[PDB]
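Next come the chains, spelled out residue by residue.
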Amino acid sequence: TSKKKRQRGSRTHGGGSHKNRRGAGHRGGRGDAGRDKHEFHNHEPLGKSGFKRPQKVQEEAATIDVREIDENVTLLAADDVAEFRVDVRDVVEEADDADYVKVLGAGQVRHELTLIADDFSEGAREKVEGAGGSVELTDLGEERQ
Amino acid sequence: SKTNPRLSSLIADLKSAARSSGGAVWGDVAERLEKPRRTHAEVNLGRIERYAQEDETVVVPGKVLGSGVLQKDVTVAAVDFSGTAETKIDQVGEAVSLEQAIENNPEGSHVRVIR
Amino acid sequence: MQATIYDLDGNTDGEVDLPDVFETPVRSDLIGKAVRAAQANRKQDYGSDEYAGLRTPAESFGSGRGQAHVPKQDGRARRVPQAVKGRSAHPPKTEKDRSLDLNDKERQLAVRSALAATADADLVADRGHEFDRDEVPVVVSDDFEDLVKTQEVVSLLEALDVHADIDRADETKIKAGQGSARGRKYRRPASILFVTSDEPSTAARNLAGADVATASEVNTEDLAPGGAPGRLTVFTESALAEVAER
Amino acid sequence: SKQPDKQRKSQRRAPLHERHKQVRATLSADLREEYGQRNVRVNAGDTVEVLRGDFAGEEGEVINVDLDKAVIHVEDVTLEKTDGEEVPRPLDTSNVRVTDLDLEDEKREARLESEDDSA
RNA sequence: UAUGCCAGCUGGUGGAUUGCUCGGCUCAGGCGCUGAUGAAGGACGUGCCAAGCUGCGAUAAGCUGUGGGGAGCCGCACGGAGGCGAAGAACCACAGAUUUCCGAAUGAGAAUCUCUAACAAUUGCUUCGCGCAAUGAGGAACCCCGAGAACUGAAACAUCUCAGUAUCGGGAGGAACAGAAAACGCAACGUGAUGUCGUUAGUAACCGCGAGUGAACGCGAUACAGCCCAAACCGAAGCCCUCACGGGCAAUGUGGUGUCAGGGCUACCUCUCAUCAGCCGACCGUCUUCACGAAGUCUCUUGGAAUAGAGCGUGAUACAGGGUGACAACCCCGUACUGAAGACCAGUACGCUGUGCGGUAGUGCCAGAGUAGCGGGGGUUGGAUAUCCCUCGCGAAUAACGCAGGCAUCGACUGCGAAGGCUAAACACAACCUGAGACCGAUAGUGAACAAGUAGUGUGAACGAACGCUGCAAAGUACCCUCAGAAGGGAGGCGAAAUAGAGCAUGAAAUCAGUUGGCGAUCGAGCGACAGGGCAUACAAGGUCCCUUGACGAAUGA
RNA sequence: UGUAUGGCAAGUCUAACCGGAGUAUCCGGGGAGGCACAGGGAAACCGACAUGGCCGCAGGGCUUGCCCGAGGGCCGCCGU
Ligand SMILES: [Cl-]
Ligand SMILES: [Cl-]
Ligand SMILES: [Cl-]
Ligand SMILES: [Mg+2]
Ligand SMILES: [Mg+2]
Ligand SMILES: [Mg+2]
Ligand SMILES: [Mg+2]
Ligand SMILES: [Mg+2]
Ligand SMILES: [Mg+2]
Ligand SMILES: [Mg+2]
Ligand SMILES: [Mg+2]
Ligand SMILES: [Mg+2]
Ligand SMILES: [Mg+2]
Ligand SMILES: [Mg+2]
Ligand SMILES: [Mg+2]
Ligand SMILES: [Mg+2]
Ligand code: NA
Ligand code: NA
Ligand code: NA
Ligand code: NA
Ligand code: NA
Ligand code: NA
Ligand code: NA
Ligand code: NA
Ligand code: NA
Ligand code: NA
Ligand code: NA
Ligand code: NA
Ligand code: NA
Ligand code: NA
Ligand code: NA
Ligand code: NA
Ligand code: NA
Ligand code: NA
Ligand code: NA
Ligand code: NA
Ligand SMILES: [Sr+2]
Ligand SMILES: [Sr+2]
Ligand SMILES: [Sr+2]
Ligand SMILES: [Sr+2]
Ligand SMILES: [Sr+2]
Ligand SMILES: [Sr+2]
Ligand SMILES: [Sr+2]
Ligand SMILES: [Sr+2]
Ligand SMILES: [Sr+2]
Ligand SMILES: [Sr+2]
Ligand SMILES: [Sr+2]
Ligand SMILES: [Sr+2]
Ligand SMILES: [Sr+2]
Ligand SMILES: [Sr+2]
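Residue numbers (the authors' numbering), protein chains in the order written: chain L, 1 to 83, 89 to 150; chain O, 1 to 115; chain C, 1 to 246; chain T, 1 to 119.
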């Protein structure tokens, strides 16, 4: 039995005095009315902030942490097995509609990896080089100058 | 109120074991299972690897999921395991149902609760 | 497990391995959900005329004549919900979504579980079916699909001690209530489901309470009518095999 | 259709030629064997036996066939009025069986004896 | 005990309730234009007796033909009289005949009539003659082009919002509109006509930057289809009317060529299966209608009536639904199976006839102007500098040129050729047909199950109800008595039932007549709850209750 | 935007629509796209603890106060 089902006989259906559930006055105006007067509370403040760059001049990178690559190396037997070698462009999903692929450095690298991607972070390099291995930048990744 | 008949049976079996045999774990797991689904455990493998030890059964009062690596030879007991979780555990250890754990260990000894 | 195959005379003609899906744990709540969805999804949209009771220029006289402020036309009250011939306040609306959604996995698990409930002799007898067997489902040879006559299927089911179920369903109930005026006067118990492989059994379809189906499309409803698991079913050797990868 | 309202509608509002099917009665064992039919459109002149009413068991000749009301008048199947007059009690052909036919018409005989069509 | 209070009983009144459904409501599929060859609509007629409805039109509930159908019939509507039908009627399908007057209403006028040969009016062609043609008006909504509010929201209000909504003017179709890039701009070594659906996304954008408002490219689908002029170069090689003769058109250009895979011209290579015109012309499917179509009407009991119970038996590619004196697969119509026809798809697809695709080199021959574009003023849009449009003024180039790529200029790059035109299919609606339903079930559901847009109200625009049910069968009450009496009443007859007797299934409450129980003409008013007494009570569905005594015996307690 | 229940889970769900069929149900296909899987910054742009310390509930362990202590709590540290 729901709350709605127990209302017959209550007269007011939980609204208090029968003088309550009338029009928009009970809401203090229609919709977001008085967002700066009587109902200013918990509203985002009035005003403009910043600018937006045109959508076609906006680049969207496909990100992946070293932790995701490293945890799934034995499962990724469909890729190259070196002295492991993996092209990141084939691992990340939605890499078609993305502008470039970037490897970020969150987590640990327990294996020796040779990663090929368009961009790498300072911490993505340190973790792959420090755990014995190389980082190969693509021909598309030759933008850093 | 639960709607699954199998979960209702598991809870009743966990209770029967905690009252009959010398255990407090199965009654503790039963109390968490009687609680809402949102409170139940959603444990990944990287957590069982960090806090579990060998020859000590891991009891999850919820469901085990497949994120992360498990190297330890542990017997994991849960209400359910994901397809990948059960596959990844059986490679290095053993994924056991909580219904089996009650028959194999009714006293609930040498057991670690992980959430 | 093992399932005994029967020829058109009702004699044992070998046996094949009963597939893995028949060992799926019976889950009546999930089966009931899949049937509740199927029954709701075939329901038609309805609703009263959006303008019923609003086709009048009726006005209230207001204060002054010792009468309630009710809209009147030619000294007769109109429009308002409390008035005879007035609009229906909160009527059935056509815009209402009367369909229920179900996840493919949750629905597929229900089909598997309903199929599994068919393999338990006690559940089948608990559902209501009348039979004299231990082994269930009844597994018959592929030469069943070639039968043309209905009376020939009667003889086979009598030889299989499974005809007593059609005698249960050979009693129509004249329902209580106004469903009668809408074409829903009768109803009868659900008996045997016949699952074939190529075409549904034209020979078995007219049997009292019987339902015919094919293994590529046999659903939760024909497998568990009204959400009640454990229907007395007969499979074709090839149907048993095709219903394995569902 | 399957809807009861539409079923009764089509029967009560059926055109005159379609009302012929509403005055059909079953044939006896001998007549079913002779013509290859189960039933026939009852005609004025046929001999019939009452199988269901208060007149169950009685035989008589068909005096009138009213297509409009879809009923028949059979001989001696009467009701006595208050003045003393014996008026016919209309019978539904469904409660009646044909024992002998009136084959004066060449077309009715031809229709009854052909295997392609029914009368 | 008068007037009278409470409850009940018998009978009314009333029409709730229950059961029933010839009507609604909603969803789905199919289909879809009519009209000067006078529509739609309306008026008045039309029947043996005919007021309403339906049909029909002076040939008037109908005439003819073909096919179907069949022994009956003469609508709704069961009367009386009479008639028609084996010379094959009724009835149904198709086609045809007739088809008054008003009505776009068209000779002129007029409240449905009248006055003295009529396309009135406006047009095109033209034999310049109304000779040949066109337009007009209707249609449920859908569609396209114009005109365009306010309440309201913003808690006031002006921009904004309601909303390009309501409403108005004009117009087409069965669908409309759109449409083969002066496109896009995931900027690309990329896409490739157009609608529509899903998404992109409440994103970009707008906005007293308040409230609010709000795309697109792309993508996944549906369906797919591309073409014709103007000009260059030719220059009467042409077109329309007519049987012909003959006439009209046309150098202010008919016709050929050609249309960004630019084309033309000149010189060559090869070739066509492209395109355009034209002939033929479906399968399948879908929608509807139709033919055929299995098996009990056996026994006993109950009943007014078996379609009930018990017993025996049967069919099923048919156990959908309905009918029939009560619960019916087998009594009747149907239902499955098979087959037929019409309509739509569609004058489409396929096939065919004809034409002829294309490539090289040269050639500044051709390629749509108040346009592109700028400025003033407005509207509109998400369009922001960067939407679309209107108005006023100004205003270019000529492919060696021009436009676009979300501010302007110049260069580069990429895309694309405006100011001419056509175009199937996929999508909207629901008049019309058919189907369906966890919709409503006669104060509901349409306003309308009934005479329903009826009766009735208003000068008019307009407004607008209520009314469903005898019975299995009319067997719808003969005869007699009474009475002023075809009234009514009494007696009587029918039926299972008249307390089923005509607004006639059931028959609630309020309430009325009569009557039973209780109270009652010296007595006080929320009408009762709980206790306890009087009086009253057929059975049934409740069976307990009283007194001596005795046992037990809390708190309390002589 | 919560909550209860249920499926699946580092993922999850299909939309329009297509095929089948018992033809509005239903079986199969469809991941376009949405949300989640990293954040911070107006923007350019840059890009994180699969655990380093201490308390300690439940639970487990032991030779019965002592250990291990998920979750939780207090810190460190890391991205911008
Ligand atoms: Cl930005
Ligand atoms: Cl986790
Ligand atoms: Cl593109
Ligand atoms: Mg109403
Ligand atoms: Mg009821
Ligand atoms: Mg015959
Ligand atoms: Mg005139
Ligand atoms: Mg105002
Ligand atoms: Mg306001
Ligand atoms: Mg304000
Ligand atoms: Mg707007
Ligand atoms: Mg665009
Ligand atoms: Mg040409
Ligand atoms: Mg505006
Ligand atoms: Mg009404
Ligand atoms: Mg009555
Ligand atoms: Na109120
Ligand atoms: Na893309
Ligand atoms: Na009205
Ligand atoms: Na009053
Ligand atoms: Na809906
Ligand atoms: Na008085
Ligand atoms: Na149509
Ligand atoms: Na009349
Ligand atoms: Na006519
Ligand atoms: Na004319
Ligand atoms: Na003229
Ligand atoms: Na206000
Ligand atoms: Na005001
Ligand atoms: Na504004
Ligand atoms: Na009958
Ligand atoms: Na301007
Ligand atoms: Na462009
Ligand atoms: Na009524
Ligand atoms: Na008393
Ligand atoms: Na996807
Ligand atoms: Sr409340
Ligand atoms: Sr209001
Ligand atoms: Sr303020
Ligand atoms: Sr993608
Ligand atoms: Sr008639
Ligand atoms: Sr009649
Ligand atoms: Sr195309
Ligand atoms: Sr041009
Ligand atoms: Sr009434
Ligand atoms: Sr007036
Ligand atoms: Sr009497
Ligand atoms: Sr007083
Ligand atoms: Sr005592
Ligand atoms: Sr899925």
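Each hint should be verified, as a subset may be incorrect.
[Stated by the list, open to error] Restraint ranges, calculated between C-beta atoms of paired labels, are given here: (1) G9/L <-> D29/C: 31 to 37 angstroms; (2) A12/O <-> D134/C: 26 to 32 angstroms; (3) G9/L <-> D45/C: 16 to 22 angstroms; (4) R22/L <-> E217/C: 52 to 58 angstroms; (5) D134/C <-> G68/O: 44 to 50 angstroms; (6) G226/C <-> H110/O: 32 to 38 angstroms; (7) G112/L <-> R112/O: 22 to 28 angstroms; (8) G68/O <-> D79/L: 48 to 54 angstroms.
If you're looking for bench data, these hints aren't it; they were derived computationally from the structure.
Just so you know, even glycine gets a beta-carbon here, dropped at the ideal spot from N, CA and C.
52 to 58 angstroms as the expected CB spacing between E217/C and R22/L, which holds or is violated: 55 angstroms Cβ-Cβ, so the 52 to 58 angstroms window holds.
Just tell me: holds or violated, for the beta carbon distance of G9/L and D29/C against 31 to 37 angstroms? 34 angstroms, holds
Lying within 22 to 28 angstroms: is that true of the beta-carbon distance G112/L to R112/O? Because 25 angstroms falls inside the window, the suggested range holds.
26 to 32 angstroms was suggested as the range; check whether the CB atoms of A12/O and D134/C agree with it. 29 angstroms, holds
Is it true that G9/L and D45/C lie within 16 to 22 angstroms of each other by Cβ? 33 angstroms, violated
Please test the hint of 32 to 38 angstroms on the beta carbon pair from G226/C and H110/O. 48 angstroms, violated
Honestly, do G68/O and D79/L meet the 48 to 54 angstroms range at C-beta? 20 angstroms, violated
Given the hint of 44 to 50 angstroms, check if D134/C and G68/O actually sit that far apart at their C-beta atoms. Check passed, 49 angstroms falls within 44 to 50 angstroms.
Of the numbered hints stated above, those contradicted by the structure are hints 3, 6 and 8, listed in ascending order.
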